[PDB]
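2 protein chains.
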Amino acid sequence: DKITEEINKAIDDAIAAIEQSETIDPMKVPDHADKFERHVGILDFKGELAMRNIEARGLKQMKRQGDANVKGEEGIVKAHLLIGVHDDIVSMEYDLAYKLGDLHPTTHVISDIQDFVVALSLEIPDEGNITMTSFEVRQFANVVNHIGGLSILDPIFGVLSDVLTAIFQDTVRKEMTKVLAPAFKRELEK
Amino acid sequence: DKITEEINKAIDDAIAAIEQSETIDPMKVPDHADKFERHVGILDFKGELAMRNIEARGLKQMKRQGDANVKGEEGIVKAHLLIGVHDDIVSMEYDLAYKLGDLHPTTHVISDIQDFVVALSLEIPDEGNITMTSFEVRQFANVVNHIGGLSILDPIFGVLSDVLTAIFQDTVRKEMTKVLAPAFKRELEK
Numbered sequence: 023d024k025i026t027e028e029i030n031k032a033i034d035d036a037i038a039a040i041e042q043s044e045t046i047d048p049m050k051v052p053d054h055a056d057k058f059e060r061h062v063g064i065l066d067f068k069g070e071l072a073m074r075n076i077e078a079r080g081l082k083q084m085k086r087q088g089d090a091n092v093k094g095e096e097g098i099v100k101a102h103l104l105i106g107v108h109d110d111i112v113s114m115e116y117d118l119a120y121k122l123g124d125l126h127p128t129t130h131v132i133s134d135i136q137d138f139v140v141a142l143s144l145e146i147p148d149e150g151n152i153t154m155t156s157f158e159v160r161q162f163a164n165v166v167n168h169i170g171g172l173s174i175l176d177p178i179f180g181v182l183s184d185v186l187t188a189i190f191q192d193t194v195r196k197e198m199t200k201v202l203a204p205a206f207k208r209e210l211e212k
Numbered sequence: 023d024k025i026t027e028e029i030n031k032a033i034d035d036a037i038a039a040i041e042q043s044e045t046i047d048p049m050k051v052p053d054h055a056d057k058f059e060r061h062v063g064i065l066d067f068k069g070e071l072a073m074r075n076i077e078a079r080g081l082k083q084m085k086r087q088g089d090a091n092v093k094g095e096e097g098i099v100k101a102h103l104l105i106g107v108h109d110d111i112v113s114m115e116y117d118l119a120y121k122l123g124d125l126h127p128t129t130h131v132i133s134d135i136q137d138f139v140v141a142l143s144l145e146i147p148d149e150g151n152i153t154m155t156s157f158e159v160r161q162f163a164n165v166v167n168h169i170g171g172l173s174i175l176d177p178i179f180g181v182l183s184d185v186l187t188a189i190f191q192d193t194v195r196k197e198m199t200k201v202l203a204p205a206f207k208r209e210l211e212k
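Chain order of the listed sequences is A and B. The opening position of the first sequence corresponds to residue 23 in the UniProt record's numbering, with each subsequent residue numbered one higher. The opening position of the second sequence corresponds to residue 23 in the UniProt record's numbering, with each subsequent residue numbered one higher.
Note that these hints are calculated values from the structure, not bench results. One or more hints might be untrue.
Said to hold, decoys possible - In the DSSO-like style, the derived pairs of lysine-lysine whose C-alpha atoms are separated by at most 30 Å in a straight line are:
no. : chain 1 : residue 1 : chain 2 : residue 2
1   : B       : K85       : A       : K82
2   : B       : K31       : B       : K200
3   : A       : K82       : B       : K31
4   : B       : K31       : A       : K85
5   : B       : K50       : A       : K93
6   : A       : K68       : B       : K24
7   : A       : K82       : B       : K82
8   : B       : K57       : A       : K93
9   : A       : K31       : B       : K85
10  : B       : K196      : A       : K85
11  : B       : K100      : A       : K57
12  : B       : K85       : A       : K196
13  : A       : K85       : A       : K196
14  : A       : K93       : B       : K196
Please model the entire structure based on the sequences and the hints provided.
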């Protein structure tokens, strides 16, 4: 209970420190190119896309999703925690170029990452270096792709949207993990 | 986008209708007993437990996590939705009897289900009747078990907590889906 309290405090303080530094909102994400192919009822959509100027906004709203899950295990405390965003979606903004045959338009897009959650684990020996032991951005359960000037009924939208989501689940999630993990680790492990 | 706003609104209306239902909050969960075995190390824990008077609270705070994820595919509008709880946890209370050796205490516990979320899918033909084509209570990302009278440092805590968490992931999730899924289906399908 006192231990739960102080772990909660370590986490909140680390969150505050990270939010304070800026660095994290907006967060830059490296460009990413990908190739797509889908057959959709007598129609074929095969081509290529490029995302540039990708920025994640909203992590300034990060907050603990509740008490730490804590168990004393043989003279070492083990804690597991959720940090999500609170007062927003996490918003991804970027320029999109794609190619389909002779068409190669560009537009801008906002992608909504719903229920962004970081799961992290800690360890505390009776003395006494708090060690962060795992850090992961959970799988995005729902991503909404607002592709500038593209109607959602346009058969190509569904193709582009599904590809962008897969890219977010794979490429972008792992990049966000690579940025967030050392930041929390330096704050916690002090 | 109007189609999205329409789908959002149907979801918002169904949530409101379901939130007033009763049997939703508090929701009863059938009694459950489990014979468990956990290996921690050197020590080894075989035993049994029984949960009774299980009640889930907080579902009256259900709310969409953002826009419906919407796209047209082959003349069908397809929508994917995330519904969580806003300004609350989902909290489970219950009586707990457990047995380890002829240790056989009884107590009461509060379990915190963090980031409780339901994901659902809809299809909307212009033909055409709206069907809910999927519904899932997502894996709980973190559960905090507050077991009356029992210290987080007590070696028996970690064991019961882990067993209770597995029961939540399996039995409790299934039981909540049993209540929620046909309630949403009924609302959304007329």
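Against the structure, the hints:
no., hint, in the structure
1, B:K85 x A:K82, "22 Å, holds"
2, B:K31 x B:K200, "24 Å, holds"
3, A:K82 x B:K31, "29 Å, holds"
4, B:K31 x A:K85, "28 Å, holds"
5, B:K50 x A:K93, "28 Å, holds"
6, A:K68 x B:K24, "29 Å, holds"
7, A:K82 x B:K82, "28 Å, holds"
8, B:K57 x A:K93, "21 Å, holds"
9, A:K31 x B:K85, "28 Å, holds"
10, B:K196 x A:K85, "29 Å, holds"
11, B:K100 x A:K57, "24 Å, holds"
12, B:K85 x A:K196, "28 Å, holds"
13, A:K85 x A:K196, "20 Å, holds"
14, A:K93 x B:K196, "26 Å, holds"
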